[PDB]
Amino acid sequence: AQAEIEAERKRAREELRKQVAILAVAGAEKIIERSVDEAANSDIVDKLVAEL
Amino acid sequence: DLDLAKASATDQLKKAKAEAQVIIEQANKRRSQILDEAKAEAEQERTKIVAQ
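Line by line, the protein sequences are chains A and B.
Numbering of the first sequence is given in my numbering, commencing with residue 477 and proceeding in unit increments.
Numbering of the second sequence is given in my numbering, commencing with residue 4 and proceeding in unit increments.
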């Protein structure tokens with residue numbers, strides 16, 4: 477009975493982890509969409525071609 | 004006299020042996036009741052704890 481309860485508590489935390497991560501990246505996508513910059517875009521390109 | 008005495012022995016032994024078997028049957032009835040009641044009490048604790 478105590479093993480059954482602790483296991484469901486551990487499941488609830490991993491469930492809650494599944495909930496935030498999806499909506500977090502789906503929000504972070506919008507930070508790109510509203511915080512991307514052409515100098516930062518050029519910074520990405522110029523960085524990777526220098527280490528390709 | 005000797006023949007009667009030997010037959011009286013075999014009655015006494017056989018009767019005691021049979022009484023031992025019904026003594027054992029009643030202990031099995033108690034055992035099977037005590038363990039079934041243990042399971043039926045324990046489940047009503049587990050369900051109460053997990054519902055809590």
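The hints are simulated quantities; they were obtained by calculation from the structure and are not laboratory data.
A couple of the hints might just be wrong.
Unchecked claim - Label-pair distances were calculated between CB atoms; the ranges are:
1) A:489 x B:42: 24 to 34 Å
2) B:53 x A:519: 27 to 37 Å
3) B:46 x A:491: 22 to 32 Å
Using N, Cα and C, we set each Cβ at its ideal position, and we do this for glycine too.
Hints versus structure:
1. A beta carbon spacing of about 33 Å between residue 489 of chain A and residue 42 of chain B agrees with the range 24 to 34 Å that was offered as a hint.
2. Hint check: residue 53 of chain B to residue 519 of chain A, Cβ distance near 55 Å, so the stated range 27 to 37 Å is violated.
3. Between residue 46 of chain B and residue 491 of chain A the beta carbons are some 28 Å apart, a value that agrees with the proposed interval 22 to 32 Å.
Of the numbered hints stated above, the single one contradicted by the structure is hint 2.
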